[PDB]
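Visitor: Next come the chains, spelled out residue by residue.
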Amino acid sequence: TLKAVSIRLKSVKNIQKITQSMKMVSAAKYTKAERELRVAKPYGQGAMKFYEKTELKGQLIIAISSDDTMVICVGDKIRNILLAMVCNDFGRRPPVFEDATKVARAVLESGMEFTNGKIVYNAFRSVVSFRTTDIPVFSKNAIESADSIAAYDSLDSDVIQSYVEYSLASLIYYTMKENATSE
Amino acid sequence: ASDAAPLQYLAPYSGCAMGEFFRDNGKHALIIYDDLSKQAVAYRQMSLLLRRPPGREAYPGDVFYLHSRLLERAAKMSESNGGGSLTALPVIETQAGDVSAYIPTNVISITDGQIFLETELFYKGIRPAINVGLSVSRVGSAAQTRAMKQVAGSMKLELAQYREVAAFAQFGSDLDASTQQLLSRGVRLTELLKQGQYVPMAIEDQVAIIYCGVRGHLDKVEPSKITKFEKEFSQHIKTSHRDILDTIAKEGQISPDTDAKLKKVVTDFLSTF
Amino acid sequence: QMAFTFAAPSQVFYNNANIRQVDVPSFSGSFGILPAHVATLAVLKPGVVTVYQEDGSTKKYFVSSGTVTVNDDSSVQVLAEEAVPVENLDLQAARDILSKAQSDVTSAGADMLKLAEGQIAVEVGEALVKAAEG
Amino acid sequence: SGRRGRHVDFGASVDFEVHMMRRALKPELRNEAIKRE
Numbered sequence: 002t003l004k005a006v007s008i009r010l011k012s013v014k015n016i017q018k019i020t021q022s023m024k025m026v027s028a029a030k031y032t033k034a035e036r037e038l039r040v041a042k043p044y045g046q047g048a049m050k051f052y053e054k055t056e057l058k059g066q067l068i069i070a071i072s073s074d098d099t100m101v102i103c104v105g106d107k108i109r110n111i112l120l121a122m123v124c125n126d127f128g129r130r131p132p133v134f135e136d137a138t139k140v141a142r143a144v145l146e147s148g149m150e151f152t153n154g155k156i157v158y159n160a161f162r163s164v165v166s167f168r169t170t171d172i173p174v175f176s177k178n179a180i181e182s183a184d185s186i187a188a189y190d191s192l193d194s195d196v197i198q199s200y201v202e203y204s205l206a207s208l209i210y211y212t213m214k215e216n217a218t219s220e
Numbered sequence: 236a237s238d239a240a241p242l243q244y245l246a247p248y249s250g251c252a253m254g255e256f257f258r259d260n261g262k263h264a265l266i267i268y269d270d271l272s273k274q275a276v277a278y279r280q281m282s283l284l285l286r287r288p289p290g291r292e293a294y295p296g297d298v299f300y301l302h303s304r305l306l307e308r309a310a311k312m313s314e315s316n317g318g319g320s321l322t323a324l325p326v327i328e329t330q331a332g333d334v335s336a337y338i339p340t341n342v343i344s345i346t347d348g349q350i351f352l353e354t355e356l357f358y359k360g361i362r363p364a365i366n367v368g369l370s371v372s373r374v375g376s377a378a379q380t381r382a383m384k385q386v387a388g389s390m391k392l393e394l395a396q397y398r399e400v401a402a403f404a405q406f407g408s409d410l411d412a413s414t415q416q417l418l419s420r421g422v423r424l425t426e427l428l429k430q431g432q433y434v435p436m437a438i439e440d441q442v443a444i445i446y447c448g449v450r451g452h453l454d455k456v457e458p459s460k461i462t463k464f465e466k467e468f469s470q471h472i473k474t475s476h477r478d479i480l481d482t483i484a485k486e487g488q489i490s491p492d493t494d495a496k497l498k499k500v501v502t503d504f505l506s507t508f
Numbered sequence: 015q016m017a018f019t020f021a022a023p024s025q026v027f028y029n030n031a032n033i034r035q036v037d038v039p040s041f042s043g044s045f046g047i048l049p050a051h052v053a054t055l056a057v058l059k060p061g062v063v064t065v066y067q068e069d070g071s072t073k074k075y076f077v078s079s080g081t082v083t084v085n086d087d088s089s090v091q092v093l094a095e096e097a098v099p100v101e102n103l104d105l106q107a108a109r110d111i112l113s114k115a116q117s118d119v120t121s122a123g124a125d126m127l128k129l130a131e132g133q134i135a136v137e138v139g140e141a142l143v144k145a146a147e148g
Numbered sequence: 011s012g013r014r015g016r017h018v019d020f021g022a023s024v025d026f027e028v029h030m031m032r033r034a035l036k037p038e039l040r041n042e043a044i045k046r047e
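So the sequences go chain by chain: G, C, H and I.
Numbering (the deposited numbering) for the first sequence: 2 to 59, 66 to 74, 98 to 112, 120 to 220.
Counting in the deposited numbering, the second sequence runs from 236 upward without gaps.
Counting in the deposited numbering, the third sequence runs from 15 upward without gaps.
Counting in the deposited numbering, the fourth sequence runs from 11 upward without gaps.
These aren't lab readings, by the way, just hints derived from the structure by calculation.
You can trust all of the hints, since none of them are fake.
Quick partial rundown of chain G residues pointing at chain I, CB under 10 Å, derived from the structure:
(1) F134
(2) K139
(3) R142
(4) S199
(5) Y200
(6) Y203
Using 25 Å as the maximum straight-line C-alpha spacing, the simulated BS3-like pairs for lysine-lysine come out as follows:
(7) C:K359 - G:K11
(8) G:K139 - H:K128
(9) C:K359 - G:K18
(10) C:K460 - C:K429
(11) C:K359 - G:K14
C-beta atoms are modelled at their ideal positions from N, C-alpha and C, and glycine is treated no differently.
Bound-form chain G, shown alone:
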């Protein structure tokens, strides 16, 4: 009948309008996220410069998302799929360093020792391509026991502890910015 085709055509037109509206919203959010990522990417490169120079190689998993190995989730999507910590009411706002500071504080003050770790996050390759990768994360004991750390001057326990706390916070911030832009 003609009325059934008209109703179906109107429904598909409404679906196309909704998807185009969400495309425009996602385009604005992606432009803002790329504008912030242009600043936040050298900051992450500077944070990774220390680990690149010391060549620390060799657990813990930090799964970045939105709404034996210990896995800590940042976002409701991993809890929907699957839980030491779950971040709720996230993704409606762009990430900041306060969020990365809260995540790193919760990881380090959890009381669970870890030697090596990775940050499972979606790095930004291009506009149409994003790659799920990981960034190595080392604790205080994994850094003090390294071979190259004897070449680094003025290192007591307090300095290295404070350094890995802030370096973890900076790496979580850099992964959050790249994951938000990729998403």
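The hints should help you fit chains C, H and I onto chain G, whose structure is shown.
Guide: Using the frame of chain G, we list chains C, H and I on its own:
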């Protein structure tokens, strides 16, 4: 309705002849046919009862010829022929917005333009419920005064921009500042176009209020008080700055000096608003 | 000729820029950095970073806290959280911050957490006043 | 110092320092630098 179908068929032609007397005597006349769908129904019944060959929807083969010979008598006569005019405002009642029906298709193809009234806009309280994107006038800005054409070109462009950007931004928040500016300007213009019943308001007050709409003067007030601005600001320029209106009427347009004067008047009124 | 990277979550100041010398205020004392300085790490304190560009121009940046990483290749990566130019500072707000910090220290009483907050805000207030005056 | 001795990590200290840092800018940069939480 209690009158016979021949009387309903004849009444538009009787009224057209009465209007054409004024047209041919140098006077100007406006005629309203409310509505031409009832005349087409009456002519369909007469043609069916006269054993004439029907066509689509049992209408005869000359309903188009019926409405075209009715509506071709509205004309602007030459100055050597008197200079008079007859203006036609036919009315078409459609069923569930079916524009593609036979009689609405014929009347749309005959006339010089259409004014679309929307049931959805009427039930939203938007009165008059004129669909701007569907309303066409082929005469266009040639049928306007200088001041009205000057402001309505910018108003039509801004409303077209608002119609383009408000489809995908019904409730979006993370948007550009330009899109939010276009949304705010379109909301001001749409609230400006609303009007009550039985209240025409002359060309001068209309030009003034939509000039205030397009120059960003109403971006600092709530849309719900925009009609209250119409209730007050025009009265202010009717009691404080009559010389500005006199200069506008003398020049016929809005000079940049009058633009500065009106900007100062608007700022002074909004300071006390 | 030292590769001095100075970034923050808000802004990026230098990205592998060649800098003659950087005066970092750290937790191990305010030390200066030159090419091939030493391979140390450091933890920033509320203070002023003085940057000596290759043309001889001297610029100043207030840093709240961050990490300083001088590597073997004479590359320095100071990464504060909120690094601003010292010219973009308010002395009156600094004095108000310091006064409110001392008020919080006095009103802390037996609250050790608010005592630590007051001490930290005292340090930031002193550093802000000295940077604005300096 | 007393920061680590009072069971407070360095990250909380940077948060306290930056929260007392963004307020030292009167005219226009206070709203631009603040990106909420």
